[PDB]
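Engineer: Listed here are the chains, written in short residue letters.
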Amino acid sequence: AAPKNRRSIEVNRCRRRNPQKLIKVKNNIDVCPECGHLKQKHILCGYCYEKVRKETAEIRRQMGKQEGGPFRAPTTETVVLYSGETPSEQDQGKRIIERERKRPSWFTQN
Amino acid sequence: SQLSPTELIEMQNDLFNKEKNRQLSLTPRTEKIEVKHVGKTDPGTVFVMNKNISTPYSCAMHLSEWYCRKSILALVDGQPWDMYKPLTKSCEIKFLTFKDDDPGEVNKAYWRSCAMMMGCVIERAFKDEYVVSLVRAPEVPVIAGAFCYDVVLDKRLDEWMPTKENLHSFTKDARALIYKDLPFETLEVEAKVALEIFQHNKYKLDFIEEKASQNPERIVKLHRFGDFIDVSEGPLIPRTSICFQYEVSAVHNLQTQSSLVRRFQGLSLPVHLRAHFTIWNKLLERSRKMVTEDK
Amino acid sequence: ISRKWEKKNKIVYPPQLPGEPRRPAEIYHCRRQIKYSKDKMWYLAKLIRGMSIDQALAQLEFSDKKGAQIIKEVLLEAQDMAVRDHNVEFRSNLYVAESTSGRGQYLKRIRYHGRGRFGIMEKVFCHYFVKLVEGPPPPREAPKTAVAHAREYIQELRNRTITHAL
Amino acid sequence: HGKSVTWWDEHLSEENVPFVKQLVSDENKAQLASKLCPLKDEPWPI
Amino acid sequence: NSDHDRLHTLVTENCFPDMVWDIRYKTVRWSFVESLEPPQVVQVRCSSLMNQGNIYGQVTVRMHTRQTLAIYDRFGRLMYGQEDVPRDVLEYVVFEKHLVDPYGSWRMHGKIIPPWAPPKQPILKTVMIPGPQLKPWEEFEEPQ
Amino acid sequence: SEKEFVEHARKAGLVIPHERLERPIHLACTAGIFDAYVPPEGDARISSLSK
Amino acid sequence: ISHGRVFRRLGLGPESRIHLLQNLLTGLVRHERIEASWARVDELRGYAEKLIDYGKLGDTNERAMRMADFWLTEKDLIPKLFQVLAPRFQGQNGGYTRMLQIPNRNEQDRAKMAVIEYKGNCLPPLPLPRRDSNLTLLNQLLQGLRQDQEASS
Amino acid sequence: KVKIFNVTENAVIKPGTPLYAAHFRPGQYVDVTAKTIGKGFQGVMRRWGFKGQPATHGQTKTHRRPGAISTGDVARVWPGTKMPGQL
RNA sequence: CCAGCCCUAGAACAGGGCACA
Ligand SMILES: [Mg+2]
Ligand SMILES: [Mg+2]
Ligand SMILES: [Mg+2]
Ligand SMILES: [Mg+2]
Ligand SMILES: [Mg+2]
Ligand SMILES: [Mg+2]
Ligand SMILES: [Mg+2]
Ligand SMILES: [Mg+2]
Ligand SMILES: [Mg+2]
Ligand SMILES: [Mg+2]
Ligand SMILES: [Zn+2]
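Residue numbers (my numbering), protein chains in the order written: chain A, 64 to 173; chain B, 2 to 296; chain C, 14 to 179; chain D, 20 to 65; chain E, 182 to 325; chain F, -7 to 43; chain G, 706 to 858; chain H, 41 to 127.
Since the hints were made in silico from the structure, they are not lab data.
Covered, in the sense of this in silico footprint (three residues per stretch, anywhere, with C-beta under 8 Å from a C-beta of chain C), are these stretches of chain E:
| hint | region |
| --- | --- |
| 1 | 202 to 212 |
| 2 | 255 to 264 |
| 3 | 301 to 310 |
Even for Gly, the Cβ is constructed at its ideal location relative to N, Cα and C.
Use the sequences and the hints to build the structure in full.
Structural biologist: Here it is in structure tokens:
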């Protein structure tokens, strides 16, 4: 079907300025107590998640460089240690990844 | 003395403004202080502020609006510090909010501010023919379910206690006081000027003398919002609108050998930490009980 | 074309006499030839009208639209300009006074249909204009109360005259 | 005043959530047990 | 008065930008009230370049002047200082002149300020100095 | 249908067009100061007396 | 009418959805933490829990062996599943995975994204949302109420 | 769920009283009101039980349409017209 | 009160639940 007449700017504005088509304001925005950046109350912080993701990517890169094959996965647990650290009596017998970076403040030894 | 309450408030505000103008004129020039920011969020930030003019609130305004909205107290390198108190020398600032790891200082400040507001409500919600004298604000811990304020009423008022309607009227007056934004202003004065500030309340004079005796310089801290001035220890919250929920819980008459005191106990929660209806009712029922903490 | 939003930022005012209230600073900024659409940009521009700059940035950081990042960059550049060039302390003391979006020069292409038919496809471009005024955001207007409605009705009744009576 | 959205679990702690739950549970149990004898407190005329 | 023509005739091409760039969008109210010490010629130097055969004669003059400076904003508000305070300034103006040129006007070339000179008057507004904008994979290092 | 945009403002000068200038740059002054006069630190105390 | 439906339609059909979930489960077993769409991760969480249960069923169980052989496409992860993941989940009953919604994808689709992670892995801990401390105003008030209730008994 | 029951003036009970299933006795007739199982925006064939067109005898893209909805002379459709919607 | 999470509720928006366990 074809339109019978041209719709005027008045009715066009009434249509595409209705509050149903306006962008709603978000009230769930808060600051991250760690870095001070903005985040939603139900979503993880983008900055902190990017930090953790970069550290995880580096750890995985090193742990994949340790295994020269694609199908070579360790049958034991794994432990990542940073510069100036030694494997404890509970961490021995596991695969050991060694990072030259110092241990970050958010990474807990455990 | 023949002095109307309105005239008394007017003269109190006049002497307060005179002392503030003297404190301002004490510094003739504009010195530049270099205040660092030792907060966890934005470290290494430096503010070039004005001496005796710029405030931690001005530092927060330089930083972001989120700081002005969230940060309630400031830590100037050695101690808490309210937002509307001008900085004196070069220093380093750490902002303190309600949801911090150790928010005890902000809790104490909010408790003191609520007690001061309740005292302001009680001092002016009574008849002019009756005499109403605020003694002090007993520093009770936050574990106690309510903040208390000591009042002394006229002799012909020692037989009756306020009912639920009177408590609701007190709560309505406190909510009306919260509705209008009144910043809490602080002033470091001497006992000599504080005595002539009050000059009428024997209990307030005794409290001022007791607070100045422990200070070798005889310096006491006066706080004032709107037209109400009061002596209290520690800093306060920046604005009144931070108090979202506010109720006058109860009143308890304690009869001593010299005179009796009415301890008005109330409960409040901030805008950031407002609770559910049932939780608020439980906390109010707990605050209805007696609170006895003096030393 | 027309370029006046940029020259609106070069006017100089005479010095203020002692006693006159301090004039709030006004900062005009704009971004020309954005690949986004004019109406889709008008929506985001209307979203942040009258709000503080920090609240506008908070909303635009989580808006999923493509023009949200453009408007955020424009607001950040405007804040930087207001702090550096104009004498505006308290970089968080700005509110979006004016925020609109205009059209730019379009690019005409062919959109093939079928049966040897075509349409005139327009690669659209838009401009985003913003104006930041130093100060707290103005209070939002409240709806008219019943007392004000009754007052206006009583005044309308009292304003009546005897028409064609003289 | 741009007040944010809040719920009953936002400002509670890891230790106060179970306490709040058990408090409301005991209050509901007491309230439901109080109305168990309606014919002896003050029943309306039958 | 914002008279760029006469300003170009007076000061040289090295003195014009350094005094017009950061002020072209502001209002100045500068005056001359008093001078305690008359200007004194300290030293005179000359630079001769034989590639073109050109000689430039520079003369340093120490001045102890008393001026009233008030820099306003583009909106009309006071920015730097008052228009009634006669602040005392000590400067070393280095004038220069092309001696081979037939006209060869005396033009102010440079402005030397001694390193031990007292710091300038404080500004009226406050300044926030931002810290290092940190990437996520970078940690802040507190200098001591 | 085939149309493009114009006026992409770029500033790129090279040594070849810098040196193939037909006439040299006439300078009415030099770059800066050759011999800067270093004054003695006692000016603030000698300016108090005239002689 | 989709009353009482528990599995959402994904991929190019039921078999394609099974294969997508199988690839996601293989990646999760291999890396101990992956990120994908929120719906796909929410669908994969239950399969991950059931896979950990089948791994806890033992190595000599032919049913669990063939289930792992089907699901884990990379055949070097079956010994991993049976000798690393299952032994370290012994005292736990159902708390094997952790799923958290991360911000939307920075790409133009702006997909709702989640991250799934096996608990007890050798990776930097995600910024988990921690509750408020007991030193907060409201939490201290509730602590006072709790102490009053304890003293009243 | 909070409901209202029209009772007589002599069968009123004090508010706050509990009511039990023994209110009804074995052998009695009752009325039961509830919100039915909502099937969403359903077509005309499932909402009104309309018959469709034949399946494959030439029909093009009409196997579940309502067909004609009104008459040509009325130049409009009546308010009581059965059309797809909530069910 | 409505952030989020489920739904025998739903195209979107709406609507019902989230203390027993
Ligand atoms: Mg063709
Ligand atoms: Mg067109
Ligand atoms: Mg056309
Ligand atoms: Mg349904
Ligand atoms: Mg059929
Ligand atoms: Mg046919
Ligand atoms: Mg067909
Ligand atoms: Mg056909
Ligand atoms: Mg008709
Ligand atoms: Mg609901
Ligand atoms: Zn963060």
